[PDB]
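> What follows is each chain in one-letter form.
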Amino acid sequence: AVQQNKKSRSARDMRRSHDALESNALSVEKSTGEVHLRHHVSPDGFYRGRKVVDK
Amino acid sequence: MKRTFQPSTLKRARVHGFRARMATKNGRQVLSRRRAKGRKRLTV
Amino acid sequence: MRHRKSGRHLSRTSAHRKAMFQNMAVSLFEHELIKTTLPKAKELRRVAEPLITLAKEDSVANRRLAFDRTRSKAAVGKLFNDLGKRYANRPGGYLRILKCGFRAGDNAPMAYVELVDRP
Amino acid sequence: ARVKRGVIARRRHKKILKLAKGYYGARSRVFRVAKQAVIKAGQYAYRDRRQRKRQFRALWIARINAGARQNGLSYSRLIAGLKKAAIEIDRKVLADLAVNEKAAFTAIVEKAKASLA
Amino acid sequence: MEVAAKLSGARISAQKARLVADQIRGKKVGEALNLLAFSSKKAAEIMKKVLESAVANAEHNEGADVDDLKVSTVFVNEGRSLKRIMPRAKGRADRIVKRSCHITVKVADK
RNA sequence: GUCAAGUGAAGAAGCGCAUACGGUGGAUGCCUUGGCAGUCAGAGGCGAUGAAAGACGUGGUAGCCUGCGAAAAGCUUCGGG
RNA sequence: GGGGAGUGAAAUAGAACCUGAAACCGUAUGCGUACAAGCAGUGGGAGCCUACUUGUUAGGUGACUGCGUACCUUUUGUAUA
RNA sequence: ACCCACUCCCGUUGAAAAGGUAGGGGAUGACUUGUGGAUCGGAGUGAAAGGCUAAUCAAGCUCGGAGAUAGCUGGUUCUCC
RNA sequence: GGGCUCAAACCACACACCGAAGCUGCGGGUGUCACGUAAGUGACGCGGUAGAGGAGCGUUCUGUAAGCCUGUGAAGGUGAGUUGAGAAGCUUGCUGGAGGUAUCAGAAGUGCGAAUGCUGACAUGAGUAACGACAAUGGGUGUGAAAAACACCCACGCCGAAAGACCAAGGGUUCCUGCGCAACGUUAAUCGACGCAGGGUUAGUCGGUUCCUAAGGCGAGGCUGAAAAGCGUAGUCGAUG
Ligand SMILES: [Mg+2]
Ligand SMILES: [Mg+2]
Ligand SMILES: [Mg+2]
Ligand SMILES: [Mg+2]
Ligand SMILES: [Mg+2]
Ligand SMILES: [Mg+2]
Ligand SMILES: [Mg+2]
Ligand SMILES: [Mg+2]
Ligand SMILES: [Mg+2]
Ligand SMILES: [Mg+2]
Ligand SMILES: [Mg+2]
Ligand SMILES: [Mg+2]
Ligand SMILES: [Mg+2]
Ligand SMILES: [Mg+2]
Ligand SMILES: [Mg+2]
Ligand SMILES: [Mg+2]
Ligand SMILES: [Mg+2]
Ligand SMILES: [Mg+2]
Ligand SMILES: [Mg+2]
Ligand SMILES: [Mg+2]
Ligand SMILES: [Mg+2]
Ligand SMILES: [Mg+2]
Ligand SMILES: [Mg+2]
Ligand SMILES: [Mg+2]
Ligand SMILES: [Mg+2]
Ligand SMILES: [Mg+2]
Ligand SMILES: [Mg+2]
Ligand SMILES: [Mg+2]
Ligand SMILES: [Mg+2]
Ligand SMILES: [Mg+2]
Ligand SMILES: [Mg+2]
Ligand SMILES: [Mg+2]
Ligand SMILES: [Mg+2]
Ligand SMILES: [Mg+2]
Ligand SMILES: [Mg+2]
Ligand SMILES: [Mg+2]
Ligand SMILES: [Mg+2]
Ligand SMILES: [Mg+2]
Ligand SMILES: [Mg+2]
Ligand SMILES: [Mg+2]
Ligand SMILES: [Mg+2]
Ligand SMILES: [Mg+2]
Ligand SMILES: [Mg+2]
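Each protein sequence line maps, in turn, to chains 5, 7, N, Q and S. Quick note on the authors' numbering: the first sequence kicks off at 2 and runs consecutively. Quick note on the authors' numbering: the second sequence kicks off at 1 and runs consecutively. Quick note on the authors' numbering: the third sequence kicks off at 1 and runs consecutively. Quick note on the authors' numbering: the fourth sequence kicks off at 2 and runs consecutively. Quick note on the authors' numbering: the fifth sequence kicks off at 1 and runs consecutively.
Hints were generated in silico from the structure; no laboratory data involved. Note that beta-carbon positions come from the ideal geometry of N, C-alpha and C, so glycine has one too.
Anything over 12 Å on all C-beta distances counts as not near chain 5; from chain S, calculated:
| no. | residue |
| --- | --- |
| 1 | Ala56 |
| 2 | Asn57 |
| 3 | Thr73 |
| 4 | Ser81 |
| 5 | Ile85 |
| 6 | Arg92 |
With a Cα cut of at most 20 Å, we get these calculated PhoX-like pairs of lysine-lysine:
| no. | chain 1 | residue 1 | chain 2 | residue 2 |
| --- | --- | --- | --- | --- |
| 7 | 5 | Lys52 | N | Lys99 |
| 8 | N | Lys99 | 5 | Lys31 |
| 9 | N | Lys35 | 5 | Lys56 |
| 10 | 5 | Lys52 | N | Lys35 |
| 11 | S | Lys70 | S | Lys6 |
| 12 | 7 | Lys2 | S | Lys90 |
Simulated coverage check for chain S against chain 5, where a stretch passes if three residues somewhere in it have a Cβ under 8 Å from a Cβ of chain 5:
| no. | stretch |
| --- | --- |
| 13 | 15-22 |
| 14 | 33-39 |
With the hints as constraints, model all of the structure from the sequences given.
As structure tokens, then:
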């Protein structure tokens, strides 16, 4: 099964009207002022104030 | 699945090599044709 | 449906699933802090936490039960010599699952699994 | 001796596409689609020079009908009255009076009513 | 002023890279950098490098402040494709297009 | 002011047309390194004194082309310059 | 891979390099577009926007509405499924 | 084992231009197999199916006659009177 | 179709009106005749496939042209305006950076949307199917810009008449080391049968060569055949022995 008619560029872009990416939930640590994913250990290795991975 | 090319350099030489071509008159014609066209490789 | 069912398939056979979580729990007892996927870390709770509960009572039968479920002499020794005594007064919750980011290779949600008292 | 077609062909295709400006999709971008649209638009435009005269006359007659019925006459009776009394004001001007100069249109309708009887 | 950085021949599709570009268009550079640092897309790793290279151009060639800059213009253009052959089931040969794109980020204080 | 009835902009997930600026692509123009066809001549053969055609070598530095042949991008001599 | 600097008459002549068309893909702006049925135009036509010539103007868009079933070929005959 | 290919299912833009999984037949013989060799285009070879002769067979492939022939199909390009 | 019934039905009569690219009006073009030895007037025409007849536009080249235009900007490209009945012409902004060609003639590879046309580029499908045996992974450490895939360690799993080790054929440097990651690898890659460079293969006894022959080949003379050749003796090759 295949198209009988080439899909128009308007119709192609209309299907893509649901393709937009969403932004993640970003939080800021208070011990360091560092940006991290909400509910995730910070890239430096802190979660809710304390260092957990210690690099 | 066995395919048509089963290489044997000895069989290749004895069927298509330079001395196989030079042995006959139609073989010499192949070498004349391939020299006239300018083939870099003459036989195999 | 999976109404009220427990467990994660994790795209594995049950033999491989059993072998992997026994490997992971042994690794967690040795290192006290490991990184794995978040789905594996959440299912590792139900395997590794009953082993620490068992290790609180040191006996020949409990140690043999530990060895049947870990198949590791080092893990059995650590459970009854260190972890069983360390968590004697802790009523469960010996593990901590902390979400790290995502794996670079496949964007898999990562988690840190650490023993609660000291990792 | 040898004649390249590139320059002349590009000029031809650009004239067509310039005429297809404002058309949807391939009708303004693709030559062999735009060529059909430019021809069809030309067929319509020729036919609608004829249709415009019909459309406007139907619009004048409808407005004259509305204006004359406000004055107690139907369109057909007003035209017959405008022939009995030799008034040659055409329907384009009559429809302009019926909208913009209502006192002038009333005077004409009264002149048609008197002529009928 | 407006400063730009351009990455030509980014080995990713223009369609894929435009999803990330639509997220950072019109944003302050600091916010856009934090969005790109935590995105799961491959285009965000590439886009973040172009964005911070544009920020560096604005701070060296023009002497600006990162806190005054915002992403004024970002667009992704299609680049050169690479042509490849993939075998199919019955001797059929299929052409693979390996798409690349040009990523232009412009920062401006204004 | 309250209520009722009537009327009603702006707020586009995306899309269209126009315009501007790009990208891709490599048309067009202009150009020529190479061809095509003649005209007038030349030469009308080369080879067991080893041909046509090659292989492998040959250079300060890897490869390929050109030349050359263990005397190997060349040796001797006679002229030109 | 770029941004400056510099070279150059010219670098959007920067080595995939003269010119640099079209398809095709974008970004920006203007107008239109979420109660509406079909070859997508054409006739009429409001509003909005822009520019001066300041409304009998030019450009862009175009609500709403009349009419309207591509082209080629082949055929007695084709919107023709 | 090896040779084979009876059934089903899968696969049918396949992992595969003939396969796979599960079953199946022969398995000291008119057996299977390696290396080398002989026979070929109105010719070969055929425990015979018009089978096979390099994924091509009621007469292989390749070049030439050759731009075969085609009362057939398709296509045939600027303007106006 | 809505709806319609002393009709918005049917029968008869009458007066109106609507209605086409028909007719008339107004302006314009053109054909043929006639008058004009003129510009032009008059009359009648002017839908059209196959097809006949007539009149033109434009493109490339040659002559006109050792001319004329052109770096104070050619051709080409891209907009705007304007002229003609049309093919089209002309003027100009920008781009471009060295060529172009008036006029009138002469020659044609002279005009493209179709031919399941040919070549290249790029779309749609669609960021979809798929990522090639369902033997299987988990963790720690290192390195690195970056690690699910690289290296190491601890576990787990798979083959084991092979998924291990060889000889032959076939391939030909893929072998090892250092450096490296664009492309290649159906993902990433620091890794590689990938890129750059260097290194590496040592025989009286292994295998060839050499000796000997099988099938079969070639084959001095020879016999045969229009030619080309065919066959074959002496011989000489030819391993799989
Ligand atoms: Mg439950
Ligand atoms: Mg899965
Ligand atoms: Mg089992
Ligand atoms: Mg939007
Ligand atoms: Mg200068
Ligand atoms: Mg130049
Ligand atoms: Mg260029
Ligand atoms: Mg609406
Ligand atoms: Mg619709
Ligand atoms: Mg109009
Ligand atoms: Mg209609
Ligand atoms: Mg019929
Ligand atoms: Mg019809
Ligand atoms: Mg059809
Ligand atoms: Mg249909
Ligand atoms: Mg049986
Ligand atoms: Mg039969
Ligand atoms: Mg066959
Ligand atoms: Mg025959
Ligand atoms: Mg003939
Ligand atoms: Mg023919
Ligand atoms: Mg009338
Ligand atoms: Mg009329
Ligand atoms: Mg008429
Ligand atoms: Mg007239
Ligand atoms: Mg007529
Ligand atoms: Mg006619
Ligand atoms: Mg020219
Ligand atoms: Mg064309
Ligand atoms: Mg045609
Ligand atoms: Mg689909
Ligand atoms: Mg799906
Ligand atoms: Mg899938
Ligand atoms: Mg695989
Ligand atoms: Mg990388
Ligand atoms: Mg093996
Ligand atoms: Mg190696
Ligand atoms: Mg890769
Ligand atoms: Mg290598
Ligand atoms: Mg013989
Ligand atoms: Mg003899
Ligand atoms: Mg011998
Ligand atoms: Mg032997």
